[PDB]
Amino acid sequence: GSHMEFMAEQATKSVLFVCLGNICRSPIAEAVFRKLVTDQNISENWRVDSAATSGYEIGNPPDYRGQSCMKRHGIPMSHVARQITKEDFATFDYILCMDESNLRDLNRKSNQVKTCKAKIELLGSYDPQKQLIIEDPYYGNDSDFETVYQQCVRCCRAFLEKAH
């Protein structure tokens, strides 16, 4: 219908979720955030993605263990692992990472580019329960993936509502 039917559209917001590999934590946060925005009729106002600080996993689907967790929670992930680019720093409002090694790495990168538009933060800096670090489940088990998933639901929810 009309462009004046509802309140006037917001400029698109963008968020990129990042870990070292882009197979475990970051695709899970991406698919969690994408569900939220899709369920709330606002996916057309978001550019949502995920990427890796390194090229070790380029082209690979998500970790099968994380995929099984997400499938339990009804959010199957459809993602091809990719490495962060220079353009990403210029194009995203937010780059949200999982841990401290991630943040040091991205901070190194941010200083090699001409325009860094993005606010670079830890995702868990949004957790109302104050669990700052979202711990790597790569060497863990099914309850470690569940933990990450639950942290991602709390943090993506608070981020959506109220960005830093």
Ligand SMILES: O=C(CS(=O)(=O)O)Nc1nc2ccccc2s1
Given for the second form:
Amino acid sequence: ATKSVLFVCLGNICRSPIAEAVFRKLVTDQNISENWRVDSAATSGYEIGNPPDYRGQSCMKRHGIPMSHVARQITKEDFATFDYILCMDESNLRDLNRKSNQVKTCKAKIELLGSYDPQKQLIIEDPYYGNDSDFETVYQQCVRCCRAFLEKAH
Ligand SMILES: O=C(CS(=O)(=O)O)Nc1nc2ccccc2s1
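Could the form solved in complex with this ligand be given as well, to go with the form solved without this ligand?
Shown next: the complete complex, the earlier chain at its head.
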């Protein structure tokens, strides 16, 4: 379009780097990655500079999905440049809305990624203190939500 989407979670080391990687693969598989700007960022500064939690890498390797990212915090600019900001839970959503009201230009539509899930699992829960099966759940949620978002944005 070019179209753009920013996936957001608390740390940008587990949920949103997986979502970003899943989405980039989907558009690359459909020959339209050049039409999309895809990224991920954190609401917080807890993990800035760090790559995805290696448990998430292990999950993505199993599914054949390339993932390469260094954590960064969302900035005021992101609200002006992204068409969609898709986040994981209600705390992310609250924080993003708070930040968005501090800027003059907010192009982005800010929503829960789970609002796209055909299976209606609204919240994508933080797997950091969970186990490998929690990362797998997060992955599967991202696949379903990302596919539906690409098909038709709200
Ligand atoms: O970073 C993530 C996961 S994700 O938001 O990247 O999916 N979860 C955190 N839990 C904590 C808990 C304590 C301190 C810092 C952090 S960071």
